[PDB]
Amino acid sequence: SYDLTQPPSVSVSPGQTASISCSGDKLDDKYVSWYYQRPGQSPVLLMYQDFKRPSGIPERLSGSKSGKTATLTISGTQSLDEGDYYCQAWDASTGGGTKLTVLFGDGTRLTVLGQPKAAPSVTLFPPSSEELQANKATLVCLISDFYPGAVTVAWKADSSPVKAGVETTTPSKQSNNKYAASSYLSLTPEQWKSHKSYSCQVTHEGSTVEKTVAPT
Amino acid sequence: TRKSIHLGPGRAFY
Amino acid sequence: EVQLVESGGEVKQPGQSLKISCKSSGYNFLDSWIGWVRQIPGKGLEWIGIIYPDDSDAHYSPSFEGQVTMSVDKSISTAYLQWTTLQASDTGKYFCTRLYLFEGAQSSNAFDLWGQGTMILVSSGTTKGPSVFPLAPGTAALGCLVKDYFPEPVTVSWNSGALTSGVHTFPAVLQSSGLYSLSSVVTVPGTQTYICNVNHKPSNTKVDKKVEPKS
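Protein sequences appear in the order of chains L, P and H. With the entry's author numbering applied, the first sequence corresponds to residues 1 to 9, 11 to 95, 95A, 95E to 95F, 96 to 106, 106A, 107 to 213, in that order. With the entry's author numbering applied, the second sequence corresponds to residues 303 to 309, 312 to 318, in that order. With the entry's author numbering applied, the third sequence corresponds to residues 1 to 52, 52A, 53 to 82, 82A to 82C, 83 to 100, 100A to 100G, 101 to 126, 134 to 185, 190 to 215, in that order.
Simulated from the structure, these hints should not be mistaken for laboratory data. Mixed in with the good hints, there may be bad ones.
Computed cross-link-like contacts, DSS-like style, restricted to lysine-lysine with a CA-CA straight-line distance of at most 27 Å [to be verified]:
1) L:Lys97 - H:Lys206
2) L:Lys133 - H:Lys210
3) L:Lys27 - L:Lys69
4) L:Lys190 - L:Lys175
5) L:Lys153 - L:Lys193
6) H:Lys89 - H:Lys201
7) L:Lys133 - H:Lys117
8) H:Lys214 - L:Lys193
9) L:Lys27 - H:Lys206
10) H:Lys89 - L:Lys133
11) L:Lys190 - H:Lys12
12) L:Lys97 - H:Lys12
13) P:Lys305 - H:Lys23
14) H:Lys43 - H:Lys73
15) H:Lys89 - H:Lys12
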């Protein structure tokens, strides 16, 4: 039945060789295949029988194996390579009678860092008066111009970590090739008054940027 | 046969 | 050419049934296994099943068996996936795929050719137009919070498209409510007009909102 493990993320600079591991209980007597998927697109087969490349897949991608661990190596890694990689094998359990199964890895997100690190501009907006005569309250935290495209957002009532109404988008590539994301804090006009200040704290690569608002 | 599914070296079905 | 062409996107209310298709062309449909894989938005690939067109031999993921049914129609080279009763957690993108047999001293198999994916959304949302709220303002952030709309998309322009630079418009949040919202901010160098134009053609809502700062 067993499970394939890959690391969830890998990050490399253009040119560095990227390495993605895949482990599992019977992997050593099992052929491993590797797949690429660019988000929004269909998977693409990069590698079958551990080490063989389908016609059209370039030589700088190579597959190898050692014990229960399969590895995919990408050299001359460039931005086009960014996306998700999945290993897959088969399992045949008796459990009498033979039960067939296609096994996928959880997938590995490859990032290629193609520009210097850049901190986000944070903008926190308070509920508009319009939105207030409608008996809803929305805090709008806009996070822009950051690189690379990964952040975490913490919300805060005075200094209390809140989680009710918190909706946050996955970062997405802007016009200028830096990232954006947005977090929403949905409250009642009662809770908006119910506290002195509200906090949005974006953490990007270990540094954090805080904006704060207050009624009214 | 083309219904062949191979899991590994010497391990095959159909 | 040699391809797998899947049927179009689907929006269904829970409890409805559904049959999506996968039409092969350019090779002998009967002689390779067809697989089916699901991918929930922003998660990995999930095996559903394989089926051998020639005779309809099938193997299922224990996660899907009986929830969903595989079938083919050889007369037209089509594979199908069928639900009797949809549920919220069936939402996702479904791919079909062909298993290829690579032959030699060592024979193996792998999924070489893939459909483009069928999106399925199971929702009880009914169409809703958005409310538009102003987001009053070196640089200065302003904008419009476009609120509670179904379905996608809304487009948003400024000054009737007259104003393009300093315009970012956000991916949209599919709030737990089952309705989307987004916002569109313009960072600028005031005294000048500044109007955000929101268009949500699914409901034919056009809203022009004046943005000015706290009096």
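These are the hints, each one checked on the structure:
Between the alpha carbons of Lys97 (chain L) and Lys206 (chain H) the distance comes to roughly 56 Å, so the proposed pair goes past 27 Å and is violated. Taking the CA atoms of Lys133 (chain L) and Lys210 (chain H), the gap is near 21 Å; set against the 27 Å cutoff, the hint holds. Under the criterion of a C-alpha separation no larger than 27 Å, the hint pairing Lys27 (chain L) with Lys69 (chain L) is consistent with the structure, at around 6 Å. Only pairs whose Cα atoms come within 27 Å are accepted, and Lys190 (chain L) paired with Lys175 (chain L) is rejected, the gap being roughly 36 Å.
For the proposed pair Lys153 (chain L) and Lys193 (chain L), the alpha carbon gap of about 11 Å is at most 27 Å, so the pair holds. Under the criterion of a C-alpha separation no larger than 27 Å, the hint pairing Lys89 (chain H) with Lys201 (chain H) is consistent with the structure, at around 24 Å. For the hint pairing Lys133 (chain L) with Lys117 (chain H), the CA-to-CA distance comes to about 17 Å; that is within 27 Å, so the pair holds. Distance hint between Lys214 (chain H) and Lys193 (chain L) is fulfilled; the C-alpha atoms sit about 20 Å from each other, no more than 27 Å.
With a CA separation close to 59 Å, the supplied pair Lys27 (chain L) and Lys206 (chain H) exceeds the 27 Å bound. For the suggested pair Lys89 (chain H) and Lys133 (chain L), the alpha carbons sit about 33 Å apart, so the restraint of at most 27 Å is broken. With a CA separation close to 40 Å, the supplied pair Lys190 (chain L) and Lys12 (chain H) exceeds the 27 Å bound. Proposed proximity of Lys97 (chain L) and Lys12 (chain H) is contradicted: the alpha carbons are some 33 Å apart, above 27 Å.
Straight-line distance between C-alpha atoms of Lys305 (chain P) and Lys23 (chain H) comes to about 20 Å, which keeps the hinted pair within the 27 Å bound. For a cut-off of 27 Å, the pair hint linking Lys43 (chain H) to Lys73 (chain H) is broken: about 33 Å separates their Cα positions. Between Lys89 (chain H) and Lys12 (chain H), the direct Cα distance comes to roughly 14 Å. Compliance with the 27 Å bound is thereby established for this hinted pair.
Hint violations for this structure: numbers 1, 4, 9, 10, 11, 12 and 14, all remaining hints satisfied.
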